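There is one chain below, alone, in structure tokens, taken in the form deposited in one PDB entry.
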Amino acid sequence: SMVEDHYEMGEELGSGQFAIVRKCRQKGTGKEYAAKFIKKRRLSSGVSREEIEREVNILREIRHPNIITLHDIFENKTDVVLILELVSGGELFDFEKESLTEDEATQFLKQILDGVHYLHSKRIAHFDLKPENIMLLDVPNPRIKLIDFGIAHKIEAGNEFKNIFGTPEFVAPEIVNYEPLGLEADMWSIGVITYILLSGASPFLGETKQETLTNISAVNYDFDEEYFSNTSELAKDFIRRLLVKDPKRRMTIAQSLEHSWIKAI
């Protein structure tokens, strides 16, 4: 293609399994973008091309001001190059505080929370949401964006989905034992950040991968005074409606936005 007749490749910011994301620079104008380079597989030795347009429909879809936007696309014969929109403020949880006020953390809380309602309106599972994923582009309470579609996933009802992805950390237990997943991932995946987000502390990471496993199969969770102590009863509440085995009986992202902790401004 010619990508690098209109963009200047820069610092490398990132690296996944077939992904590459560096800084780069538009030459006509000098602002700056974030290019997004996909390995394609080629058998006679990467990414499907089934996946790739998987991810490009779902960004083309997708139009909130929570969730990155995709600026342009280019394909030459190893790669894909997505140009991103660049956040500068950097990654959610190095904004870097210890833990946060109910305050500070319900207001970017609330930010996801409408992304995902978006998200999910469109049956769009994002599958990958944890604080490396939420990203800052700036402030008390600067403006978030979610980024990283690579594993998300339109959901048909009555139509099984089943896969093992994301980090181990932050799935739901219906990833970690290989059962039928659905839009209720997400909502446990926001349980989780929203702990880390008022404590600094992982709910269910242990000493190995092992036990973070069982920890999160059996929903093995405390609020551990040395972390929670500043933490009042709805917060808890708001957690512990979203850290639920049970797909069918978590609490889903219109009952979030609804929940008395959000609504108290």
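Residue numbers count along the first chain shown, from 1. What we label the rigid core is the largest C-alpha set whose atoms superpose within 1.5 Å from one form to the other. First, how it differs from the form deposited in another entry.
After superposition on the rigid core, the C-alpha displacement between the two forms reaches 2 Å or more for just one residue among 182, 173, 115, 191, namely 173.
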The other form holds:
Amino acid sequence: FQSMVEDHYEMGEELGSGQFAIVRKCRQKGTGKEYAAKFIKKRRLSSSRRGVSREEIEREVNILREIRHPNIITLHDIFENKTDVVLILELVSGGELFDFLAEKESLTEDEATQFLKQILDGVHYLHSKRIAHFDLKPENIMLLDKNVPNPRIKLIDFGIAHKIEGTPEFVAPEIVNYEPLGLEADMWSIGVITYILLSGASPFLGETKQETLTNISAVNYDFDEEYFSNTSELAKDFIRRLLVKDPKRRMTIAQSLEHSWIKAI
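Can you return the structure of this protein in the form deposited in another entry rather than the form deposited in one PDB entry?
Just the single chain follows, nothing else.
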């Protein structure tokens, strides 16, 4: 008896997918307006059906419903049936940012900083609401429309996003020493994104996955002159202030926006 999404939206081409998600272009039957419909497969232990837990779906949905910013996708409706939760989301048609940048001729640092600034604005909005994205990477940085003079960044995939934040005689050492994961992880990811934006190279990427993980944990990277010889010193400083091991030492999003490199843009 729940409202069926197909009674309100006609479904079209598949646009993307994940382990437990399929995204289709759809058209609102009432208006003709186009959206993206994200079908999230529900876990059903009873039927041995693998999928996303109720709690995880609720987490993502509750975050999406709070978000209203021009650089983040917007949520328009929610449907649920036996097997799926279906989210009607803002349609982004310009593809991945880094695919668009690859197609450009003579991409300059100043032009690159313009897109980075949009990413900072979206993240500043998120962090102002205590939302960490936790999966900031090029594949989650889309463009609304790539056939415009100044294409607009749209962040997607809030699948692992989280809202952040007596006697001690009986607490364990790991509790004493506990430091929760927070907004700082996004700021590290921004550092990595900035490095690849300015160079075309991934800073921690190893020949094998174990090497990559080792590099990240040691914070082992370089500004190779092949790629960085004519990158501004302000850009390198921006990156260096984000790619530090201690989360509490990293620039926060407000600091990032007040950095001389960004203030110049």
